[PDB]
Amino acid sequence: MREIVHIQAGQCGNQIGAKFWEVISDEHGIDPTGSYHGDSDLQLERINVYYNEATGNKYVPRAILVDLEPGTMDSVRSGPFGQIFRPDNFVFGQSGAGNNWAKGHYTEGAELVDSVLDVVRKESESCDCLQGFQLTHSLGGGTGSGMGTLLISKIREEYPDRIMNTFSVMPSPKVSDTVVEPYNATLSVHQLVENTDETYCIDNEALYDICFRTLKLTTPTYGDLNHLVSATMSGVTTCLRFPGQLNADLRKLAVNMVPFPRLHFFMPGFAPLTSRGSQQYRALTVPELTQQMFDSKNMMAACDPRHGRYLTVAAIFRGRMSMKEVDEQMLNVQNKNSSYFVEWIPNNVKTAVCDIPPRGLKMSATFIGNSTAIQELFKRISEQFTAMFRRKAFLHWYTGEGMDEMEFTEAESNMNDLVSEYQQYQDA
Amino acid sequence: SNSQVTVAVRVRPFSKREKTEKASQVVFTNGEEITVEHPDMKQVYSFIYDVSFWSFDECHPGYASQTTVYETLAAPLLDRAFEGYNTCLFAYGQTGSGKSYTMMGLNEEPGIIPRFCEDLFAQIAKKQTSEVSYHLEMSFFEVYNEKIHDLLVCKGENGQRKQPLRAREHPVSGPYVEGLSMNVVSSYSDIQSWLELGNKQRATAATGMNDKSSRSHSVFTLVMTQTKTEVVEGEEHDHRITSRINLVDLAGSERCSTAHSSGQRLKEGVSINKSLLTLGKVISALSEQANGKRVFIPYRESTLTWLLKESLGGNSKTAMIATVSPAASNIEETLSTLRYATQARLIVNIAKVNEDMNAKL
Amino acid sequence: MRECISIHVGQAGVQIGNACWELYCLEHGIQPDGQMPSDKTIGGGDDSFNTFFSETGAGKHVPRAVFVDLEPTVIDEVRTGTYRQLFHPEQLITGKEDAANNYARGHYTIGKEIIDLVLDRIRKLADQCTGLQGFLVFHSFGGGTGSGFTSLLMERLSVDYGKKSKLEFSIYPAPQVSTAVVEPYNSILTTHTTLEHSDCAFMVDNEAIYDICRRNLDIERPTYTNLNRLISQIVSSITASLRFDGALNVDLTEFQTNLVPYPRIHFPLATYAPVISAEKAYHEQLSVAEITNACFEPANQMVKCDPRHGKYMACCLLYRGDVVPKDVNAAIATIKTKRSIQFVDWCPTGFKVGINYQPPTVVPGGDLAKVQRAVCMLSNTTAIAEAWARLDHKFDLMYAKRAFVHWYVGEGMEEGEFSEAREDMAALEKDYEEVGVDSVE
Ligand SMILES: CC(=O)O[C@H]1C(=O)[C@@]2(C)[C@H]([C@H](OC(=O)c3ccccc3)[C@]3(O)C[C@H](OC(=O)[C@H](O)[C@@H](NC(=O)c4ccccc4)c4ccccc4)C(C)=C1C3(C)C)[C@]1(OC(C)=O)CO[C@@H]1C[C@@H]2O
Ligand SMILES: Nc1nc2c(ncn2[C@@H]2O[C@H](COP(=O)(O)OP(=O)(O)OP(=O)(O)O)[C@@H](O)[C@H]2O)c(=O)[nH]1
Ligand SMILES: Nc1nc2c(ncn2[C@@H]2O[C@H](COP(=O)(O)OP(=O)(O)O)[C@@H](O)[C@H]2O)c(=O)[nH]1
Ligand SMILES: Nc1ncnc2c1ncn2[C@@H]1O[C@H](COP(=O)(O)OP(=O)(O)O)[C@@H](O)[C@H]1O
Ligand SMILES: [Mg+2]
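Protein chains in written order, with PDB author numbering: chain B, 1 to 428; chain K, 390 to 750; chain A, 1 to 441.
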């Protein structure tokens with residue numbers, strides 16, 4: 001069987017993963033004691049994609065946590081679903097990075113990545129056939145970028161043939177929650193695009209717009225944003241855990257959605273999202289979802305697709321539905337909005353279906369899309385970055401931990417070349 | 390401000406071991422055009438290249454000996470190297486096609502390299518005056534599973550050791566290798582020693598093809614520095630000139646699938662073929678970059694390209710030659726080369742859309 | 001004896017085979033547990049035939065088939081459904097990992113370590129068979145397993161066994177619809193080898209069955225289960241001559257004889273009589289003439305390929321149920337009178353005929369109806385050129401930019417194994433253009 005590890009780094013990852021497990025456990029019917037209390041045998045035919053087994057019919061996740069400095073270690077442990085995690089896997093250190101990519105890549109992370117990779121190996125070699133790895137880290141910050149990219153660069157050396165799938169929170173355009181976002185994000189993208197197969201670029205302003213406009217929520221906290229990102233995380237693997245009429249897996253997405261290797265920066269999405277009152281007036285069918293997926297606002301990535309072209313699209317579905325309706329609607333989209341798709345590929349959409357839906361819904365979906373619009377993000381940084389580099393604003397903190405300007409220029413000229421590789425195909 | 394490619398080929402003659410078995414010829418030529426007809430007589434593929442070296446029979450006109458290959462391919466690289474431009478030459482052919490007789494040669498019939506180098510030193514000793522000076526450094530490194538290694542270094546008195554050589558992008562001078570040796574050379578008797586010290590440490594292995602099959606790309610750089618500029622109000626050079634020559638040997642596009650390869654030999658044919666694909670993409674991008682079409686040139690997908698962003702592209706001049714065999718037992722081995730070098734299509738059915746008309750006041 | 005082997009590959013293969021073996025177990029009065037109360041009551045007859053279901057001593061019955069996917073989620077649904085007790089437990093879940101919708105994995109880097117068990121099982125099933133043989137591979141183009149494993153198995157079965165019939169009842173890709181984007185490359189690479197090592201490959205197109213389902217049976221929201229039952233009925237119409245009795249029987253060798261003129265033009269099309277729903281089962285006679293006219297009526301073809309833009313080179317017609325041959329002859333002559341159905345000059349004979357007295361069956365949970373007669377047509381036409389060239393163009397648009405290759409060179413496929421196949425299909429696009437030319441002195 002196919003199996004996944006879940007590395008979980010930073011103040012976003014160590015908060016996302018708790019929500020992700022508090023979501024999958026509800027799918028596989030696990031309680032925070034690790035025991036099972038479900039109702040369907042399908043939950044345990046293929047539970048081993050994520051969970052291992054303990055002695056007394058308990059189940060424990062293959063979660064690794066890397067920089068749980070006690071403010072977050074305790075926050076997970078003093079929580080509902082914190083008891084199940086393996087304590088030897090709660091790795092941590094002290095004297096954190098402090099919003100510094102270097103302190104999380106060169107100096108402190110180098111002292112701890114050995115201890116982390118030991119847990120990675122000890123968990124992997126228990127698996128029968130590894131399919132890939134995951135990660136959920138923040139960019140612009142220090143540790144989620146540094147330690148995450150370090151672990152990636154070392155894992156892909158040890159385990160090159162396998163998948164590595166980093167679900168990252170990229171910086172926001174307008175409201176920056178950190179003034180060293182561009183340096184760290186650039187230096188991380190310099191190490192992600194080379195040493196990664198697919199990564200899904202989430203952004204927070206788009207999720208805030210999604211939660212304020214579509215769900216009509218007046219008090220959106222971070223846990224409600226993670227509550228979405230987790231749904232996507234689960235919708236990506238429903239084809240791997242549960243059965244359907246046309247299965248799929250992460251390798252299929254990484255094959256069909258990555259025509260060229262460097263163009264593996266994606267825009268995810270998830271249907272149907274609606275308010276608690278406005279669920280009485282919405283018909284739950286396929287075309288409603290398909291409309292709510294290709295909309296510019298369900299985009300979690302903060303990039304209007306209509307400004308560019310979708311090189312490739314993948315749609316995972318969950319529920320007892322048809323295959324003709326799916327194909328018909330996707331063909332209608334390929335034929336109506338022809339300009340928003342590419343010409344040198346005649347079909348730019350694929351499908352995957354699971355015949356077992358989410359616990360409280362009848363039929364959901366998950367969207368992945370590679371576009372030329374995402375370059376906007378890496379254009380913004382390449383305007384934010386260089387202005388800081390000319391007058392060398394936040395530079396001394398990054399030289400003082402063993403770096404140089406040269407590396408930064410490498411990262412800049414690996415971002416801008418990729419922006420050009422995107423912009424090659426959006427004119428005509 | 391254009392470029393060229395100048396793809397070419399070379400059809401060897403039968404070896405005696407293959408001439409006594411009465412092996413059937415499968416490669417004919419019509420001047421510029423080349424063709425490949427099976428022994429079964431159901432299909433005939435016909436290709437067209439900018440150059441065609443027909444080395445089958447000494448009686449045929451248009452006989453392309455070693456010196457012909459020199460004067461046709463290598464001397465313009467020599468010229469542009471003097472004119473302050475960087476040059477890059479490639480040699481391709483699967484095992485048995487005799488790349489070595491085309492590049493290096495024999496001690497009675499030379500190849501390209503030594504003719505090129507001796508014309509270099511003769512032109513130097515001709516132009517060598519008190520004002521001008523010429524300084525030459527060299528290097529000979531490889532690529533193996535996308536990792537960089539140096540063949541020129543004498544290996545440490547050690548076990549099996551993979552080297553820490555990694556790439557770095559200077560913002561101006563371009564990409565380079567961190568820690569690569571650069572030895573100086575004056576006469577060819579030294580460069581021969583350096584190359585023969587290099588090749589022995591190369592990555593090779595045995596297969597169904599032969600015991601001697603290369604499994605790592607080779608790059609051989611010659612950096613030439615001209616020092617002529619001298620200031621009149623004082624002894625100072627306003628500028629120097631530097632030209633980078635890069636002669637390159639490629640690995641054969643193994644079909645791992647038909648060789649029942651498994652393990653470390655399967656992790657090479659996957660890297661080799663990747664580098665060849667990126668190289669073909671890059672050259673097919675350059676050939677369009679000569680025709681005014683603005684496109685992207687992915688020098689980043691492969692190290693063999695990333696180290697050559699400056700040489701392959703710009704005010705430079707690439708070059709290629711591809712060795713094939715005319716025997717009817719190496720047909721699928723051969724045609725791939727003929728289909729890998731399909732970068733001589735520059736005026737083949739281009740469309741047309743022009744809007745500028747009668748511009749006036 | 002008269003026996004066949006049925007192989008299935010991939011999710012498409014298993015999802016066809018489940019319907020097929022459901023139908024077979026329904027026809028012979030078999031229950032899902034291999035047993036027969038019908039023979040226990042009757043006390044005679046070969047009803048659970050030795051052609052598909054072999055026989056142990058306890059009255060049980062065991063299929064002459066296996067299936068492999070490299071994708072356990074399908075077979076493990078057979079090992080937990082209604083039909084877990086029927087099959088031999090050797091359904092090859094070697095699915096420690098999928099074949100990534102690519103041909104390189106299925107043909108070499110994930111087909112290694114799996115195929116040998118399949119050859120062992122095929123030998124074990126062949127040695128149980130004392131006579132006639134023939135393999136029915138149910139696979140799929142575009143997909144990686146259904147392409148790679150099919151190629152790697154057929155090139156080995158042309159080696160070990162050789163002079164037997166091998167028939168591929170595969171799913172062609174639709175030109176507009178498709179559930180993938182790497183479909184054409186894998187399709188072409190499969191064709192490159194299955195033009196040699198196979199003997200006749202019947203094709204279908206899921207868009208065609210979608211149109212057939214909405215237009216005739218009045219089904220707006222189908223599923224693949226509603227299609228695979230039509231396909232099982234196709235196969236049953238093929239095989240009724242071998243299992244059951246009838247006037248004119250057509251053995252597997254005759255299909256590959258009469259419909260394959262030249263060795264490279266063995267890619268025909270198929271159809272049935274699904275103008276037949278339960279409400280419209282009334283209001284219609286369903287004679288032989290009407291169905292023989294319908295089988296050539298476009299929008300009922302199971303491959304979207306307008307034949308009027310091309311020509312027919314051969315046809316076979318296999319009838320079930322109550323048929324009197326003079327009706328068959330009147331029907332065939334009614335087609336030969338028409339001019340919108342062009343034939344080649346060199347096949348004036350045109351048609352093969354097969355008749356079987358057993359009618360079809362009716363799966364409970366079915367969209368079709370009970371009929372006293374039913375038809376299956378299998379035609380070889382030049383029009384499928386238009387069905388190839390589309391996949392020949394999409395390829396040429398994409399391969400020019402060398403997209404989607406790095407995943408395939410990642411698993412041993414060369415850059416130059418593509419053009420070696422594209423030119424093969426260029427030849428096959430010519431050997432459908434020379435066959436449709438009328439001879440001249
Ligand atoms: C009466 C009723 O149907 O309640 C629904 C509900 O009202 C709606 C609005 C639910 C509700 O979702 C939210 O309230 C919400 C809040 C913040 C951020 C995101 C969602 C619901 O909370 C969410 C919850 O959905 C699920 O439970 C899914 O299984 C989801 N899992 C969880 O939400 C979950 C969260 C914590 C712990 C355990 C499970 C899921 C689905 C697929 C993959 C991963 C997770 C459901 C059915 C509902 C409520 C409960 C109201 C919706 O949920 C989702 C993610 O699709 C919001 O839009 C759908 C449509 C549902 O109608
Ligand atoms: N007719 C029919 N076709 C199906 C069915 N299920 C899947 N397919 C076809 O299968 C194709 C998708 O690839 P598959 O053949 O399933 O490949 P696979 O079985 O998943 O094996 P891999 O390629 O290794 O993943 C599509 O073109 C579908 O048309 C089915 O139930 N009936
Ligand atoms: N979606 C989400 N983002 C978060 C959360 N917590 C922090 N972040 C983001 O993470 C970034 C800060 O990164 P941080 O983890 O503090 O840096 P690090 O400690 O060095 O890894 C900010 O831009 C936040 O938007 C969370 O709970 N949810
Ligand atoms: N133009 C030529 N005339 C005569 N012999 C040639 C010619 N080109 C190649 N050969 C023969 O080919 C042989 C070299 O093949 P080899 O170098 O082993 O293949 P590879 O270059 O792939 O290693 C030489 O021994 C040489 O005799
Ligand atoms: Mg599959």
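Watch out, some of these pointers could steer you wrong.
[Claimed, not checked] Computed list of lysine to any residue pairs in SDA-like fashion (alpha-carbon distance at most 20 Å, straight line):
#	chain 1	residue 1	chain 2	residue 2
1	A	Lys401	K	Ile686
2	B	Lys154	K	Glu535
3	A	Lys96	B	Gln292
4	K	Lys431	A	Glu429
5	K	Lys698	B	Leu44
6	A	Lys401	K	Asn738
7	A	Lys401	B	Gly82
8	K	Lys682	B	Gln424
9	K	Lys431	A	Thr193
10	B	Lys154	K	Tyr434
11	A	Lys401	K	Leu735
12	A	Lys401	B	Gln424
13	A	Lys430	K	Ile686
14	A	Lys430	K	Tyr434
15	K	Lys656	A	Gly416
16	K	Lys656	B	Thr285
17	K	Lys536	A	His406
18	A	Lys326	A	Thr349
19	B	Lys154	K	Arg550
20	K	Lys431	A	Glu196
21	A	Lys112	K	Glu535
22	K	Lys551	B	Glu157
[Claimed, not checked] Quick look at which bits of chain B chain A covers, simulated, 3 or more residues with Cβ under 8 Å:
#	region
23	206-213
24	259-266
25	362-372
Hints were generated in silico from the structure; no laboratory data involved.
For each residue, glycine too, the CB sits at the ideal point set by N, CA and C.
Status of each hint after checking the structure:
Simply put, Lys401 of chain A and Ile686 of chain K have alpha-carbon atoms about 12 Å apart, close enough for the 20 Å limit, and the pair holds. Under the criterion of a C-alpha separation no larger than 20 Å, the hint pairing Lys154 of chain B with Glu535 of chain K is consistent with the structure, at around 16 Å. Straight-line distance between C-alpha atoms of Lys96 of chain A and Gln292 of chain B comes to about 35 Å, which puts the hinted pair past the 20 Å bound. As the CA atoms of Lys431 of chain K and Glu429 of chain A are separated by approximately 14 Å, the hinted pair is consistent with the 20 Å bound.
As the CA atoms of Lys698 of chain K and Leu44 of chain B are separated by approximately 53 Å, the hinted pair breaks the 20 Å bound. Proposed proximity of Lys401 of chain A and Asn738 of chain K is supported: the alpha carbons are some 17 Å apart, at most 20 Å. Straight-line distance between C-alpha atoms of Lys401 of chain A and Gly82 of chain B comes to about 50 Å, which puts the hinted pair past the 20 Å bound. As the CA atoms of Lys682 of chain K and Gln424 of chain B are separated by approximately 12 Å, the hinted pair is consistent with the 20 Å bound.
For a cut-off of 20 Å, the pair hint linking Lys431 of chain K to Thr193 of chain A stands: about 17 Å separates their Cα positions. At most 20 Å may separate the alpha-carbon atoms for a hinted pair to count; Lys154 of chain B and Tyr434 of chain K exceed this at roughly 47 Å. For the proposed pair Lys401 of chain A and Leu735 of chain K, the alpha carbon gap of about 16 Å is at most 20 Å, so the pair holds. The hinted pair formed by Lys401 of chain A and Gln424 of chain B meets the criterion: a straight-line CA distance of about 13 Å does not exceed 20 Å.
Only pairs whose Cα atoms come within 20 Å are accepted, and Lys430 of chain A paired with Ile686 of chain K is rejected, the gap being roughly 37 Å. Our distance criterion of 20 Å between C-alpha atoms is met by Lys430 of chain A and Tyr434 of chain K, whose separation comes to about 15 Å. Restraint check for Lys656 of chain K and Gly416 of chain A: the C-alpha separation of about 18 Å stays at or below 20 Å, so the hint holds. The suggested pairing of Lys656 of chain K with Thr285 of chain B is violated, with an alpha-carbon distance near 47 Å, which exceeds 20 Å.
Among the hinted pairs, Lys536 of chain K with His406 of chain A is consistent with the structure: their alpha-carbon atoms are about 18 Å apart, no more than 20 Å. A C-alpha spacing of about 17 Å is found between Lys326 of chain A and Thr349 of chain A, which places the hinted pair at or below 20 Å, so the restraint holds. Our distance criterion of 20 Å between C-alpha atoms is met by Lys154 of chain B and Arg550 of chain K, whose separation comes to about 19 Å. Note on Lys431 of chain K and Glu196 of chain A: the hinted pairing holds, with a Cα-Cα distance of about 15 Å set against a maximum of 20 Å.
Among the hinted pairs, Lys112 of chain A with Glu535 of chain K is inconsistent with the structure: their alpha-carbon atoms are about 26 Å apart, more than 20 Å. This hinted pair checks out: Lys551 of chain K and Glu157 of chain B have alpha carbons roughly 14 Å apart, not beyond 20 Å. For a cut-off of 8 Å, the count of residues in the region 206-213 of chain B with a CB near a CB of chain A stands at 0, and the three-residue condition is violated. Look at the region 259-266 of chain B against chain A: 3 of its residues bring a Cβ nearer than 8 Å to a Cβ of that chain, three or more, so the hint holds.
With a threshold of 8 Å between beta carbons, the proposed coverage of the region 362-372 of chain B by chain A is violated, since 0 of its residues qualify and at least three are required.
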